[PDB]
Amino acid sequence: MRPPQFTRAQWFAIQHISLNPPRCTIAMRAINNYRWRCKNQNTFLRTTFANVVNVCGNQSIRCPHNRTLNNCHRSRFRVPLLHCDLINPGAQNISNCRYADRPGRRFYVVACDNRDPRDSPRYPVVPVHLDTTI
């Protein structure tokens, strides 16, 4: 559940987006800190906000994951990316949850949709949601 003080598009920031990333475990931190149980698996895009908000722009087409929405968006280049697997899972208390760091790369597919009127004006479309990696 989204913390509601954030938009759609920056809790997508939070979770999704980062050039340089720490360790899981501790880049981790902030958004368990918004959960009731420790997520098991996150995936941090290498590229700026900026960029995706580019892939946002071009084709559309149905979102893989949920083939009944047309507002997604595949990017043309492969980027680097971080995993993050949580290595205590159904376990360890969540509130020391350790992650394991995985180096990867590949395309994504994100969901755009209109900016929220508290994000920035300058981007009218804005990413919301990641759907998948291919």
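Note that the rigid core is defined as the largest set of C-alphas that superpose within 1.5 Å between two forms. Numbering follows the first chain given and starts at 1. Compared with the form deposited in another entry:
Here the two forms are overlaid on the core, and between the two forms the C-alpha of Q92 is the only one among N54, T48, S60, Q92 to shift by 2 Å or more.
The rigid-core alignment places the CA of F107 less than 2 Å apart between the two forms. Fitting the two forms on the rigid core leaves the C-alpha of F77 displaced by under 2 angstroms between the two forms.
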Second form
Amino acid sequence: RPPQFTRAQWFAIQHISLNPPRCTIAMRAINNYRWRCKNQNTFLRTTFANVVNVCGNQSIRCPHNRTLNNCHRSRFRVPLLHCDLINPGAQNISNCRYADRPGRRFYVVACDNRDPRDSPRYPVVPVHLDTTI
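Return the structure block for the form deposited in another entry; the form deposited in one PDB entry was the one displayed.
A lone chain is what you will see next.
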């Protein structure tokens, strides 16, 4: 991750967007902080506070990290936009192109204690998007 962000701030930048534009546009906001195009990314059409409250759901195994059990699944399906990189040979970020796949799915996040740079308003925060279902 970019060192200027905590895990939660970088989670919010990648994964929280209520009304994202098309993927090729929406992804520039993320890739501008990277040296290379992110291969896949899901935008959850929700708010950070909403995801923080999902961190309070019962602790479950993370489907994409099966040695971890600090994951939390949403009780409802939420609208999302998934973006897949069409040109993974891209050598820089200037011309990343993405395919769009809108959907409505449950999401699963890993949550952990906040970083000291994070707002004291949320002592526990999402730090990774594990999967959607």
